[PDB]
Every structure is written in structure tokens, then in C-alpha cells.
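Just the one chain here, laid out as C-alpha cells, in the form deposited in one PDB entry.
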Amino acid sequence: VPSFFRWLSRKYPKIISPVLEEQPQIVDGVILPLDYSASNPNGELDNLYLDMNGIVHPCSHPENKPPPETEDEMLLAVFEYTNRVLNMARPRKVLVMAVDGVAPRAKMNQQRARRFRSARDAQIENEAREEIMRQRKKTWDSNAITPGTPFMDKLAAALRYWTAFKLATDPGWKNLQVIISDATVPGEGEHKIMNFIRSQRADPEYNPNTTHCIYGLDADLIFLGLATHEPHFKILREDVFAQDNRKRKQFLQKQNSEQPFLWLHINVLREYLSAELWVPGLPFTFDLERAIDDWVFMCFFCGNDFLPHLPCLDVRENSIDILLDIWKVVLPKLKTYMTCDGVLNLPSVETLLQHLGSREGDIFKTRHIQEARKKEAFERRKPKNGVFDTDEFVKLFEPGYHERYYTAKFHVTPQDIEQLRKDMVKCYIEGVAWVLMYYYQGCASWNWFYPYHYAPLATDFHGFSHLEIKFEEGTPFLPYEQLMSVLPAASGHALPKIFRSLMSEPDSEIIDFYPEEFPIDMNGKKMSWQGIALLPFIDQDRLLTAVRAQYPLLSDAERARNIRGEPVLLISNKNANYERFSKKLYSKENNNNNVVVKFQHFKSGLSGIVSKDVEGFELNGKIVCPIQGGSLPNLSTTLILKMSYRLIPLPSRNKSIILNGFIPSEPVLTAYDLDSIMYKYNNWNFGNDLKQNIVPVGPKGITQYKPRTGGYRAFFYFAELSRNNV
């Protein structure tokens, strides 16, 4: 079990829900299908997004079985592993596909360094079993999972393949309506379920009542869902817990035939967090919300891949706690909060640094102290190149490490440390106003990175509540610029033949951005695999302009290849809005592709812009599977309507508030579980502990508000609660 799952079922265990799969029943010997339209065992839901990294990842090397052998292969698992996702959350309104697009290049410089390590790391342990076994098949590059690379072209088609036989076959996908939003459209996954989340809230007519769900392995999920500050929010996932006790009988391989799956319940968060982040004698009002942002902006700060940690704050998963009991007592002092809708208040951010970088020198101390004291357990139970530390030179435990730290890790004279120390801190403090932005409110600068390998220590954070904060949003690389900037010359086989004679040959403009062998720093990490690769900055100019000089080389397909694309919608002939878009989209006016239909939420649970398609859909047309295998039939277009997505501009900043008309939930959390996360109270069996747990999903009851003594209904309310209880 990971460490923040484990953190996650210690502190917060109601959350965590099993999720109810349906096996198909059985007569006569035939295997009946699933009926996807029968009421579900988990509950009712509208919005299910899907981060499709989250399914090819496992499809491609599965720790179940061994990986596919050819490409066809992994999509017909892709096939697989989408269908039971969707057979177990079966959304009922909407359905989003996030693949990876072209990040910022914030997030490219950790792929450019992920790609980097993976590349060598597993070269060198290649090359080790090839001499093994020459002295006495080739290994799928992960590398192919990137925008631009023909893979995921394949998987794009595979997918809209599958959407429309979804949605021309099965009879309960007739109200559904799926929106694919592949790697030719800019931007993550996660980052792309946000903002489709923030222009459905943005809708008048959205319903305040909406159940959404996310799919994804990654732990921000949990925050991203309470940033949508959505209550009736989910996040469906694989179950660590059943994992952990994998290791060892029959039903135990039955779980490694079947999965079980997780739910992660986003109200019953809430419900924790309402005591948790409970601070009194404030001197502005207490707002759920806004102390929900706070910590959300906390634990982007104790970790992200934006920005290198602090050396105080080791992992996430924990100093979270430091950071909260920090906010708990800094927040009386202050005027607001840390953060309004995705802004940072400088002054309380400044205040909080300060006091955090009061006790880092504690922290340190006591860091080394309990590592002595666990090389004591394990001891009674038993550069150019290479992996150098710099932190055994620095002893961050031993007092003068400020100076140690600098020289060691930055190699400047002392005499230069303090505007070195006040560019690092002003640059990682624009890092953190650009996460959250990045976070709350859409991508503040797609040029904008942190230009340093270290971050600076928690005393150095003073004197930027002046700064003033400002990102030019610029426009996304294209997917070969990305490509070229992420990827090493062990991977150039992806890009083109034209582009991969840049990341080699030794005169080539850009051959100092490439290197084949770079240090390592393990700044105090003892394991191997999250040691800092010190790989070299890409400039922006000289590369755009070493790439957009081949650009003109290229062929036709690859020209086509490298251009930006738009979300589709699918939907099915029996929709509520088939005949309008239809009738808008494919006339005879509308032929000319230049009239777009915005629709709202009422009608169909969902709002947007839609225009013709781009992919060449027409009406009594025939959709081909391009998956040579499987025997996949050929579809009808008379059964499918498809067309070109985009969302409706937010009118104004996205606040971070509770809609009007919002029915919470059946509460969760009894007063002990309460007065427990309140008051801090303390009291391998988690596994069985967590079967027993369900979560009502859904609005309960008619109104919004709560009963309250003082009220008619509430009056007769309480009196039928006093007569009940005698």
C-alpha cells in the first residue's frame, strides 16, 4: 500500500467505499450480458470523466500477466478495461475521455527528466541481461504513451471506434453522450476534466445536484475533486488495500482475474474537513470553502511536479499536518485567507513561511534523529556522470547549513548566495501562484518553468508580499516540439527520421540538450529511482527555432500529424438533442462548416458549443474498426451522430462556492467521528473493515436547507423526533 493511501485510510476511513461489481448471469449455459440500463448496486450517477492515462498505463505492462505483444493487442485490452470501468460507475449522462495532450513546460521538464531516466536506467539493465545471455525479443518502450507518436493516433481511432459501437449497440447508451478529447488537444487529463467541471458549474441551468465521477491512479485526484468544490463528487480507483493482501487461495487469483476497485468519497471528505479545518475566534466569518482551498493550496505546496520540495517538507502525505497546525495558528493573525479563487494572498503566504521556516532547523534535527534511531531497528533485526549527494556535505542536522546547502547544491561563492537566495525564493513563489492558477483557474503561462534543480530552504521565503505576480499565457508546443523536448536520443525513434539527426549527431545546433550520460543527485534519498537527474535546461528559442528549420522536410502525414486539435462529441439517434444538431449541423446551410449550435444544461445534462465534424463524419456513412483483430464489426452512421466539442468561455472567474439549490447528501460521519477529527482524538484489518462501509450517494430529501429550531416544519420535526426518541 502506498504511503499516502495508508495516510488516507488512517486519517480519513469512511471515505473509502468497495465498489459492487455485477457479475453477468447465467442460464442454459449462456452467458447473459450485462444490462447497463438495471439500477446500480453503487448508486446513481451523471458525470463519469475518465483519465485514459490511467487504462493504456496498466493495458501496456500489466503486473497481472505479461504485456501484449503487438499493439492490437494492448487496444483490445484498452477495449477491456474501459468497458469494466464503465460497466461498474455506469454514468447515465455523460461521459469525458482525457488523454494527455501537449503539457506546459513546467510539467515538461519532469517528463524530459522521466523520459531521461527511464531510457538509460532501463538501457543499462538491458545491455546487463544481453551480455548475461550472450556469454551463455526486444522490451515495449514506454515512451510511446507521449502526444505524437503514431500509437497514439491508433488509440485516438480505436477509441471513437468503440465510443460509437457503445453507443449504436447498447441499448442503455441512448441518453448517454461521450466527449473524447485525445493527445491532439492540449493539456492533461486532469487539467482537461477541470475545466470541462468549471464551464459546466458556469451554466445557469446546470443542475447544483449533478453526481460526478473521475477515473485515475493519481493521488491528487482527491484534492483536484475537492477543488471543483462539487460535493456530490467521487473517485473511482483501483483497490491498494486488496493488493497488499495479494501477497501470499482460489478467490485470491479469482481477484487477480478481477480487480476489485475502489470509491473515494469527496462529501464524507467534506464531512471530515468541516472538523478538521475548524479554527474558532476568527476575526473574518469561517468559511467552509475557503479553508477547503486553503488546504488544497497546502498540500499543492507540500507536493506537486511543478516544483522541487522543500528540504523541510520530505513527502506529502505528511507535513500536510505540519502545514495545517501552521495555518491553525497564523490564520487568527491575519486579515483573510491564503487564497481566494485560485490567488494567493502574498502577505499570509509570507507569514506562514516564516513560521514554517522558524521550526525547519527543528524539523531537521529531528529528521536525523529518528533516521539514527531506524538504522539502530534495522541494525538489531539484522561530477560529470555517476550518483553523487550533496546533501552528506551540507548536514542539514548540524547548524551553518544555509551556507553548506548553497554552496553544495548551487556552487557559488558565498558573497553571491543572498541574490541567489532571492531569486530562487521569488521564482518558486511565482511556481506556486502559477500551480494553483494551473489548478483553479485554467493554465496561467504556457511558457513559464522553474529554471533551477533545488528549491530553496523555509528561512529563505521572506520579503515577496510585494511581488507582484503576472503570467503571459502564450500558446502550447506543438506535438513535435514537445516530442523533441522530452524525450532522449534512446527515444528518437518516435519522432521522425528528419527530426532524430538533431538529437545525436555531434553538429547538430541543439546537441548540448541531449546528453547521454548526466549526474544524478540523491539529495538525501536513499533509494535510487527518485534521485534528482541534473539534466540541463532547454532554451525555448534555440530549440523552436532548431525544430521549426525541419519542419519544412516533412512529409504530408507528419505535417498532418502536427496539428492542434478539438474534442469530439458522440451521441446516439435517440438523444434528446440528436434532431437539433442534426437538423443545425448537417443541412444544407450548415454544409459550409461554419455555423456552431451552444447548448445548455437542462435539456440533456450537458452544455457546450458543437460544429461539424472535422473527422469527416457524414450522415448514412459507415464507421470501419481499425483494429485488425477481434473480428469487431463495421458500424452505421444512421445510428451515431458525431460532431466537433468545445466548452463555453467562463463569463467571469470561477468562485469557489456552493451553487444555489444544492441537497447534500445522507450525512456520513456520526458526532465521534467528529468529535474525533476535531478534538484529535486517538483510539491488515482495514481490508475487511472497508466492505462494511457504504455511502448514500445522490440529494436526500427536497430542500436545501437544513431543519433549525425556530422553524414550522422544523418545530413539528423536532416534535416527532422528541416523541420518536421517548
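Residue numbers count along the first chain shown, from 1. Superpose the two forms; the largest set of C-alphas matching within 1.5 Å is the rigid core. What changes on going to the form deposited in another entry:
- Rigid-core fit between the two forms: of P204, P347, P633, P332, the one residue whose Cα shifts 2 angstroms or more is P633.
- Relative to the superposed core, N693 shifts its CA atom by less than 2 Å between the two forms.
- Annotation for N47: C-alpha shift under 2 angstroms between the two forms, rigid core superposed.
- When two forms of a protein are overlaid on their rigid core, residues whose CA moves 2 Å or more are considered shifted, and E666 is not one of them between the two forms.
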Second form
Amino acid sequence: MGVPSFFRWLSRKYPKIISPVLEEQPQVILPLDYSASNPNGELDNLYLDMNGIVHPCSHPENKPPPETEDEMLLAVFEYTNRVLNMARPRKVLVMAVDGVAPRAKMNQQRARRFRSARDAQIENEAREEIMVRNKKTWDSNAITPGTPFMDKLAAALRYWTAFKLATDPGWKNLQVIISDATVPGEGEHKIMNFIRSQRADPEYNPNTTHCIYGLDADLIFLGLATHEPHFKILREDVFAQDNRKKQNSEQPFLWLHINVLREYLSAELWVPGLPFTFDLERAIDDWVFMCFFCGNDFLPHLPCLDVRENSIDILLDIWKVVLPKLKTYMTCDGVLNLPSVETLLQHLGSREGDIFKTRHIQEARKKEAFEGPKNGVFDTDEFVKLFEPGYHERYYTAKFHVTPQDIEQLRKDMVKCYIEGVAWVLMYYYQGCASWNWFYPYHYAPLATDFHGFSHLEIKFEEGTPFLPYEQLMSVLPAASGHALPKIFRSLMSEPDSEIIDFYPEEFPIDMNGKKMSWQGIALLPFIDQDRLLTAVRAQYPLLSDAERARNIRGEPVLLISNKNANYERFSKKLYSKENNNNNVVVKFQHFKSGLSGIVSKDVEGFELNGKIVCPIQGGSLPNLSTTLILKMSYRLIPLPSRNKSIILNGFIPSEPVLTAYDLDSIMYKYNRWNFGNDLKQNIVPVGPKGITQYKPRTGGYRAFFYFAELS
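The structure above corresponds to the form deposited in one PDB entry; please provide the structure of the form deposited in another entry.
For this one, just the chain is written down, with no partner chains and no other molecules.
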């Protein structure tokens, strides 16, 4: 396979963001977490998006996958150990695993879990046709919250953290936080809530350097959305994945510097002659909003905005024309200005017809240059012909099977729900989820010419509780993966008598859109009625074993682990050498003393100061006995005192600027090449604060006078 089109867009548009990871290759068993980081500068903080490494380990590109769940965990330890030797956090490590997700994502997860369960039947039929007899593939639907496998990873992680904190003297004041699958919310959302809560402590150091490990493209926009400028993203080298045309031991990696992406956006987002003052922190929020509007987990794309990269470039050309007519930027701290969004989408609606003509002409050129239903694959687009007049009626009547008198009443409701969804997704990433229950009720988006008559709208939400793990599993698994549930719920999935069979159809129609000759179609599964699902599932609970009522509680505690640390005496004295045999009292702590803030209480897993720790996997590892070396505790975030602000904090010192004047001018004026798999090795960039002062030298200042005189 070639480079993903999103990474071809970054290497073309912003080449100096990207630089190689440097490794020391010592061959001795490497002690030196404590030596100076070769890949420039130290990290204070690292965040691991754990599903980004559980998936590569259990379904690798290497011909052998691991043959047991024990060998899968052993491979995850090998990979995370390699990640920390590149990233070397000095102060904090967060291990965030996906928990129970909002309804907004559960209906998108359900599609992929149903779809992949049919692909597993097609390959098992191919293995049965060849028939090592009965060697079935391991079901990847096991890597979800509440399964026996995540309950196994939860123990493996907490052991491997203790092994490092007990045995490695580089970790002697690293703080490790573990936000396992038993804690609700996806890893990407857990990490943003962590960064946002640390940043709200008055004692926070404005110059802490940060990093996220992960394979998702959305991490770039989430790195920007923090407004921490000292930020880098760690990823496997997708340009080497092309140039390899022989083992993971020599797989190279990349840093993406958000520090330098802000430097490009400072020229790219400039608009002259605005009536309000230009402000880069608000301009970047509007750009991050456009990157989530036209490519999203929670909503279908507009038909017009089919490819995310050139779609961002189209919306930005509209925003540059609209912006001088507006009263303000379109976004503020994660809240939309709907009047301004209505004018942006009206401008897109005026282009939409010519976007369809040009797409169909380009596909005709691609062709000549080379030269609903109850079940099965089909395609709704062949009737619509968006490149030919009158498509508006033809689109709605084909997608929804609706008569032409009801199209208005349908259009008003979809535009309401889609804008409520766009408002939900912006709030999700900027302040944390507004509702766990909200979802978009339809398989398709409106056309861009439909987006009007919502400027007046007032948007409101309630934080209803997230689902319990079995309510989550029932809400996203096909009947084929029922083995991951207790025996009792498998009847509800599969007996024709069940009150909820209609949520679990063995086959469903799949609608290929845009004539996409691939796997990319929409699975038209029925939307779950959650009051009807929950009343069926919660009726089984008095028939579960107590060992099965565990795994179905909320992990309200996250967990922290420390080792003879700067806070170890204070924590041990208040938490464990107690006044009475209870778990009543709690310790609140602040960023200055150790580089982390939070609220801490005695562990609920049954940890004690003179006990034994022993691993759950058969890979030949120490029973550390090390509760004398280590402390672990239940951990909780300090709740925000106020809404988080998209601003730079007091005392932020920038790094050295990387872009030369020609890099800025060639961006302002769009001046269109790198052999990027080779030319990338010329990039190296400094990390952390440069100098000791918050301000640039400028003419008309005492210290600046001697600076410009000496520079002359």
C-alpha cells in the first residue's frame, strides 16, 4: 500500500512539521531511561492512547499473529517498552484505554463490529474449504470494555507499571496514571480531559513539554485544541511503509511538531482588513472546527465534502471570503456562533453544484486515462446523478424512499439534528461530552444548499450517566460475538422469542455511496431503542453471579502508582498509616511539588504496604514483592473551576522559530517537490523553551536597543 492521502497532504503542505525519531541502539540490557534524550529535548509528560498499540500487536502486518491472549499481552509489553525508550517522560505517564463510549459513537462502533463479524465468516468458510484443523481466527470484537480480555489487560498494565517503578532507577520520580477500560470515555477524550485539568491548576508550569502516542489522524487537531504550544505527536513512519517496497525491531518513527504547525497556520490563516482584531488562538479554533466539520466519527460527511484534505482547503477559502463580513470568529472556547456558521454554509451551498460537476469530470478523466433492498450490497447513487440538474429532489427520494411532498419537513429535521451534532462534537473535544445519550438519527447528511433557517436555534444537553459495561456490550456486538458476554445475555441476542431480536439481524443491507469500488459502504443497521434495550438487559441482573456483577460496575477511580517519590511520605502517612480501619479521608495535591496535580485516596483493589505483587502472564517475570518500594492509590482529577479558555498562559516562552521568511511568504501566496522519504532526515528542530523571557526584542526597548545594535 502507498502513503495515506492525509499524510501526502501534510508532507506537501507543511513539510517542516515532521522529523525522524533518533534511537541509541546500544548492543547490555539498557538501564538508561536516565540519560539525556537523543530525539531533541526532554518530555515532561507522555500520553498513551492504548488501543493504538493493542490493535497493531494482535493483528500485525507480519504473517504470524500472536497465537494466545497471553502472547498478545507479552507483545504489548515489548511495544510499550520501545515507545518509552524513544519518548522518555521525566514526570508523568498516562495509560488511557477506551472505556464505554457515548451513544454518538456506539452507533458507528456497532456498524464496524457487525461488518467485521461477517468478514470472519467468509474467511472461516475459506479455511473450512481448505480443511491445523479447526484453527479459527481470534475475534477482534474481544477488544471492547467489559470483556474477559480487557479485564486481563487491566491486570497486565498494573503489573508492568509496578515492575518498572520497582526495578528501574530512572523511574524514581515518574508518576504513572492508569485509566483502564473500566473507566468510561474513549482514550482520546480521557487524555484531553487530563491535559485540560492539569492546565487549570494555578501552580502549573506553562512550559511543560507534552506528547501523545497514537495512529489516529485526529490527534493533530487535538494537539492544536489544547493550546499547549510545546506539543509533539509520536507515530510510525508511513513514508518508510512505502519505501520498504525486515522486522518491527527496525521500524522507524516520526515526530509531528504542533509547535511548528502553529507557525505555518500563522501565515496560512492570516486575513487582512478584518473589522475585529486578528487573534491566532481563535483563528486556530475555527480551523480545527472546519477539520472536524468535514471529517468526523459521529456524523456522516456532506455529499459535497467527500475527501477531508481538499475539503479543508475549500472551507478555508470560503472562511477567508466570509470572515471580514462577520462580527467575530465562528467559535469561542468550544461554543458555535450559529449566525456565522449559517453564512459559511450558504457560501458552500452556492459552490456545491460545480463541485459535483468537477468531481464527475475528474472521475471520467481517471477512467479514460486508465482505459431500500432487504439484504446484500447495493448502491443508491446510480439514480441520483448529482452532476446533472434537479438532483436535490432525486437525492432525498432515493436515500430516504420519501414522496416529494414530505421533503421539506424531513430537511428541517435533518439540518436541526446535524447542527446539534456539529455543536455536540465541538463541545466534546473542547470541554468534554455534553450528553452520553445524544445521537444523529439518520444514515445520511443534508445537501449543502439545505443549511439555512437555523441561525435562531438554542442548543442544550444533559449529562445522563454512561452505560454499564454489559449494556454497552449488548449495544455494539453482533450475535456471532456473544461468547464475550455471560451465558444469560446470549439468549436475548439469538432466540426468535427474545424481546429485542430486531436489533441483531444476521444480515443487513449495505449501501455503497459515491460508487466507491471498495469496503467503504454504509451498513444500514436499525437504530437501537435504548429504553427498550435497557429494560430487557437490566431484567437479567438478579440472575448474574457475583463474579459477573464485578466487571459491570463503573471504575469511578482512575489509578496512580508512585515509588519512594517526592510525595511518597505525605501520601503513605495520610492514606495507609490510618486513624481508623476505613477509607474515608483523601489527599488533594498541586503541580509544583512533583509535576502533577489531582485527588488521591486508598486503593480499592486491596493493595497494602507489605503485600506481594505477582504477574498474570506466563512470560517468565518476577513476583516483585515490592509493595515496600511502591505506592498505588485511587486517583481522581481536580474538577475545573471555570470553562477552559483557548488562550496562551502567562509565562509561556516559545522555542526557536523554524520557518524562514520564504516559508511564510510561499504559504501566504500559495506558491507551488520533496523526495520526502529521504529529504525528511534533513529536519531537526529544537524542543522546549528558548531563552528566559516571555517577549521578543522590538525597537523602542532598553534591552532590545543593544540586541539590534549588536545584530547590525
